[PDB]
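There are 2 protein chains.
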Amino acid sequence: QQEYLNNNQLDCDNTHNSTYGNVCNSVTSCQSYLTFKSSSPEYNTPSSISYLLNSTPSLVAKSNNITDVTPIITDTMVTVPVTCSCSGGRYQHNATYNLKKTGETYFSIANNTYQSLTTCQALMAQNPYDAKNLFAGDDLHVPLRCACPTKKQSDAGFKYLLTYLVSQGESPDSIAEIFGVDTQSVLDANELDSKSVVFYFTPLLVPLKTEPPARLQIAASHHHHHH
Amino acid sequence: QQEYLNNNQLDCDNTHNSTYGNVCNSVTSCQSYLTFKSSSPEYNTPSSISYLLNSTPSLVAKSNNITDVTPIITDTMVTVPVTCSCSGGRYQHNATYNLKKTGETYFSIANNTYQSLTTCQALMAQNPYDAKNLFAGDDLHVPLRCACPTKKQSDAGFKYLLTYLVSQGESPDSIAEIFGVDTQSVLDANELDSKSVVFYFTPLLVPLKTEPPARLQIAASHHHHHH
Ligand SMILES: CC(=O)N[C@@H]1[C@@H](O)[C@H](O[C@@H]2O[C@H](CO)[C@@H](O[C@@H]3O[C@H](CO)[C@@H](O[C@@H]4O[C@H](CO)[C@@H](O[C@@H]5O[C@H](CO)[C@@H](O[C@@H]6O[C@H](CO)[C@@H](O[C@@H]7O[C@H](CO)[C@@H](O[C@@H]8O[C@H](CO)[C@@H](O)[C@H](O)[C@H]8NC(C)=O)[C@H](O)[C@H]7NC(C)=O)[C@H](O)[C@H]6NC(C)=O)[C@H](O)[C@H]5NC(C)=O)[C@H](O)[C@H]4NC(C)=O)[C@H](O)[C@H]3NC(C)=O)[C@H](O)[C@H]2NC(C)=O)[C@@H](CO)O[C@H]1O
Ligand SMILES: CC(=O)N[C@@H]1[C@@H](O)[C@H](O[C@@H]2O[C@H](CO)[C@@H](O[C@@H]3O[C@H](CO)[C@@H](O[C@@H]4O[C@H](CO)[C@@H](O[C@@H]5O[C@H](CO)[C@@H](O[C@@H]6O[C@H](CO)[C@@H](O[C@@H]7O[C@H](CO)[C@@H](O[C@@H]8O[C@H](CO)[C@@H](O)[C@H](O)[C@H]8NC(C)=O)[C@H](O)[C@H]7NC(C)=O)[C@H](O)[C@H]6NC(C)=O)[C@H](O)[C@H]5NC(C)=O)[C@H](O)[C@H]4NC(C)=O)[C@H](O)[C@H]3NC(C)=O)[C@H](O)[C@H]2NC(C)=O)[C@@H](CO)O[C@H]1O
Ligand SMILES: *[C@@H]1O[C@H](CO)[C@@H](O[C@@H]2O[C@H](CO)[C@@H](O)[C@H](O)[C@H]2NC(C)=O)[C@H](O)[C@H]1NC(C)=O
Ligand SMILES: *[C@@H]1O[C@H](CO)[C@@H](O[C@@H]2O[C@H](CO)[C@@H](O)[C@H](O)[C@H]2NC(C)=O)[C@H](O)[C@H]1NC(C)=O
Ligand SMILES: *[C@@H]1O[C@H](CO)[C@@H](O[C@@H]2O[C@H](CO)[C@@H](O)[C@H](O)[C@H]2NC(C)=O)[C@H](O)[C@H]1NC(C)=O
Ligand SMILES: *[C@@H]1O[C@H](CO)[C@@H](O[C@@H]2O[C@H](CO)[C@@H](O)[C@H](O)[C@H]2NC(C)=O)[C@H](O)[C@H]1NC(C)=O
Ligand SMILES: *[C@@H]1O[C@H](CO)[C@@H](O)[C@H](O)[C@H]1NC(C)=O
Ligand SMILES: *[C@@H]1O[C@H](CO)[C@@H](O)[C@H](O)[C@H]1NC(C)=O
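Which chain is which? The protein sequence lines are A and B, in order. The opening position of the first sequence corresponds to residue 35 in our numbering, with each subsequent residue numbered one higher. The opening position of the second sequence corresponds to residue 35 in our numbering, with each subsequent residue numbered one higher.
Heads up, some of the hints might be wrong.
Identical chains blur together in the list; that is why a pair holds if it fits in one copy or across any two.
Claimed, not checked - In silico DSS-like cross-links for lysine-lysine, where the CA-CA straight-line distance does not exceed 27 angstroms:
#1 193 with 135
#2 135 with 71
#3 229 with 185
#4 229 with 135
#5 71 with 134
Since the hints were derived computationally from the structure, they do not count as laboratory data.
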C-alpha cells in the first residue's frame with residue numbers, strides 16, 4: 035500500500051507527504067511499470083517515449099508487442115518497464131528532462147509533459163531552480179512515481195506494481211478488470227475504500243500478478259474478460 | 035589517412051581490407067562524428083537517430099542546434115557525435131540493430147538502414163548469422179565507420195574526423211567547402227588523388243579543425259564561404 039495522491043499534486047503550494055513520492059516500504063529495488071499516452075510529434079515512438087521516461091526502446095517494444103521503431107498512434111496508452119528503487123526514503127525512477135521552451139513550469143512538466151507520472155512537489159524538492167526561474171535549457175531531475183510490492187502484496191501473488199494514468203470515466207473496478215486483478219487489490223494498493231473517488235490525471239498503483247497486457251485498450255473490452 | 039572504400043562494399047563477396055573498417059592507426063579512442071539523413075517515420079528525431087547510431091539525443095540536438103525532441107525534416111543530413119575506439123585492429127563505433135522484418139539483409143541494413151555508415155562485410159565479420167539465415171528479432175552488432183585523427187592530421191590542426199555520407203553531385207572540393215577545410219586535406223584523409231572518383235552512397239572521411247557546422251545544407255551555400 036501507498037497513499038493516494040488525492041489531487042494534492044494540483045496545488046503546488048501543498049506539501050502533503052504523498053506528493054514527494056511513494057514511500058520506501060519494501061525491497062530497495064524491483065522491476066516496475068509506468069504507463070504513458072503516445073503524444074505526437076514529440077513522444078510517439080519507443081525511442082522518444084523511452085528517452086522521456088528513461089527506459090529502453092527494446093523494453094517498451096516488448097512490453098507493447100510492437101517494434102522498437104514503429105510510430106504509436108496518438109493517445110494510445112503504452113506500458114513502460116522501469117526499475118524502481120529507493121532514494122531518500124522514497125521509491126522513484128529517475129529520468130532527466132531538458133526544458134524546451136521558456137514558459138514551461140514544474141506543474142506543466144509534471145502534469146502535461148510527464149502526464150502526472152511525477153509531481154510539481156517532487157520536482158521542486160529534487161531540483162535547484164525556483165519555480166519562477168526556469169528557462170529553456172535547464173536540466174531537471176525527474177522523480178517518476180513507481181513502487182515495489184510490499185511483502186503482503188508479494189505474498190498475495192503480486193509480482194509488480196504498475197503506475198496507471200487514469201482517464202476520465204474509469205474507476206478502480208474498470209482498471210482492475212484490464213489487468214485481471216480484484217478491485218479490492220487496487221483499493222488496497224492505494225489506501226482507498228470502495229467509496230473513495232479516484233480522479234483522472236492522477237496516477238494510481240495497480241498490483242500485477244503477471245506482466246501487463248500488451249494492448250491496454252482492448253484489454254478493457256468486456257469480451258476480453260470473465261469467460 | 036584511411037583507405038577509401040571505393041565501392042567494395044556493394045559486392046558482399048568482396049573481401050577487400052577496407053570493408054572490414056578503418057584501421058586503428060592512432061589513439062585508441064577519440065571524439066568523432068557520423069552523419070545521417072533523417073528518414074521518416076522511423077529515424078527522424080534525435081531520439082530515434084540516436085537509438086539507431088548509439089549516440090545520445092542531447093549530443094545530436096547540440097550538434098545540430100535543435101531541441102532533443104523536435105522532428106527533423108526528411109532527408110536533412112544531421113551530425114551525430116560518437117566515440118570512436120579501436121577494437122580488433124579497427125576503429126569503429128558500436129551500435130546494435132534488431133531486425134524488424136524478415137527479408138532484411140546485411141546489405142540492406144548496411145546500405146539502406148545505416149545509409150552506408152557500415153558495410154555488409156563488417157556486419158558479417160562481427161555477427162554469427164549466415165547471410166541467408168537472418169530473421170526478424172535477430173540482434174546485430176553494428177560496427178559503424180569512424181576514425182581518429184592520425185598524429186600527422188592532429189599536427190595540422192585537425193581535431194576530429196567526420197564520416198560524411200556522400201550524395202549524388204558532390205565532390206571532394208564541394209565537401210571540403212562545407213567544413214572550411216582544404217580539398218587536399220579530404221583527399222589525404224581518404225588516400226585519394228585529385229582525379230580519384232568518389233561515389234555517392236559511399237562514406238568519406240572529412241578532417242575537421244572545429245566542430246562541424248550545425249546546419250550542413252546551408253553550409254554548402256557559396257555565400258557561406260570565401261568572404
Ligand atoms: C485472497 C486470499 O488469499 N484470501 C485468503 C482466504 O482465502 C483464506 O481463507 C481460507 O480459504 C481457504 C480456501 O478457500 C479455506 O479452506 C477451505 O476450508 C474448508 C474448511 O476447513 C475446507 O473444507 C473442508 O474440507 C475437509 C477435507 O475435504 C472436509 O473434511 C471432511 O469432513 C467430513 C465431514 O463433512 C469428514 O467425514 C466424517 O468423518 C467422521 C470421522 O472423522 C465420521 O464420524 C463417524 O460417523 C459415524 C456414523 O456415520 C459414527 O458411528 C456412529 O457412532 C454412533 C455413536 O457411537 C453410533 O450410535 C452409530 O451406530 C454409529 N454408526 C455407525 C454406522 O457405525 C462414528 O462414531 C463417527 N466417528 C467419530 C470419531 O465421531 C463422519 O461420519 C464423517 N462424515 C461424512 C459425511 O463423511 C471427513 O473425515 C473429512 N475429511 C478429511 C480428509 O478430514 C470438510 O467437510 C470441509 N468442511 C467444510 C465446512 O466444507 C476446504 O477444503 C478448504 N479449501 C482449501 C482449498 O483448502 C479456509 O477455510 C479459509 N479460511 C477462512 C478463515 O475463511 C484466509 C485464511 O487462510 O486468508 C486470506 O488471506
Ligand atoms: C599546410 C602547412 O602547414 N604547410 C606547411 C608549409 O606552410 C611549410 O612551408 C613554410 O611556410 C612558412 C610560412 O609561409 C614559410 O615561412 C616564411 O619563410 C620566408 C622565408 O624564410 C620568410 O620570409 C623571410 O622573412 C625574413 C624576416 O622578415 C626576411 O628577412 C629579412 O631579409 C632582409 C633582406 O631581404 C634582411 O635585410 C638585409 O640584411 C643584410 C644584413 O643582414 C643587409 O646587408 C648589408 O647591406 C649593406 C648595404 O645595404 C652592406 O653595406 C655595403 O657593403 C659593401 C661591401 O663592403 C660596401 O661596398 C658598401 O659601401 C656598403 N654600403 C653601405 C651603405 O654601407 C653590408 O655589408 C651588408 N651586410 C652584410 C653583413 O652583408 C641588407 O642590406 C639588408 N637588406 C634589406 C633589403 O634590408 C633582414 O636582415 C632580414 N630580417 C631578419 C629579421 O632576419 C626575409 O627577407 C624573408 N625572405 C623572403 C624570401 O621573403 C617568412 O617570414 C616566413 N613566414 C612565416 C610566417 O614564418 C616557410 O619558408 C615555408 N617553408 C618552405 C620550405 O616552403 C612547410 C615547412 O615548414 O611545412 C608544411 O607542412
Ligand atoms: C536517483 O536520483 C537520486 C537523487 O534524487 C539518487 O540518489 C543520490 O545519489 C547520489 C550519487 O549519485 C548521492 O550522492 C546522493 O546522496 C543521493 N541522494 C539521495 C537522496 O539518496 C539515486 O542514486 C538515483 N538512482 C538511480 C538508480 O539512478
Ligand atoms: C494536466 O494535463 C492534462 C493532460 O494530461 C490536461 O488536460 C488537457 O487539457 C486541455 C485543456 O486546456 C484539453 O484541450 C486537453 O484535451 C486535455 N487533455 C486530455 C487528455 O483530456 C490538463 O489541462 C492539465 N491540467 C490539469 C489542471 O489537470
Ligand atoms: C565494440 O565491439 C567490440 C566487438 O566487436 C568490443 O570488443 C570486444 O569486447 C569484449 C568485451 O565485452 C571482448 O570479450 C572481446 O574480445 C572484444 N573483441 C575485440 C575484437 O576486441 C568492444 O569492446 C566494443 N567497444 C565498445 C566501446 O563498446
Ligand atoms: C543503397 O541505399 C540507397 C539509399 O541510401 C539506395 O538509393 C535509393 O534507391 C531507390 C531505388 O530503389 C530510390 O527510389 C531512392 O530514392 C534512392 N535513395 C536515394 C537517397 O537516392 C540504393 O538503391 C541502395 N543500393 C545501392 C546498390 O546503392
Ligand atoms: C507480438 O506477439 C506475437 C505473439 O502473439 C509474437 O509472435 C510476435 O513476434 C510479436 N511481435 C513483436 C513485434 O513483439
Ligand atoms: C541554437 O543556436 C543559438 C546560437 O546561434 C543558441 O543561442 C540557441 O540556444 C540554440 N538552440 C538550440 C536549441 O540548440
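Evaluated hints:
1. 193 with 135: neither (40 angstroms within a copy, 33 angstroms between copies)
2. 135 with 71: both (21 angstroms within a copy, 26 angstroms between copies)
3. 229 with 185: within (26 angstroms within a copy, 74 angstroms between copies)
4. 229 with 135: Intra 41 angstroms, inter 49 angstroms, cutoff 27 angstroms: neither.
5. 71 with 134: both (20 angstroms within a copy, 23 angstroms between copies)
Violated hints, listed in ascending order, are 1 and 4; each of the other numbered hints is respected by the structure.
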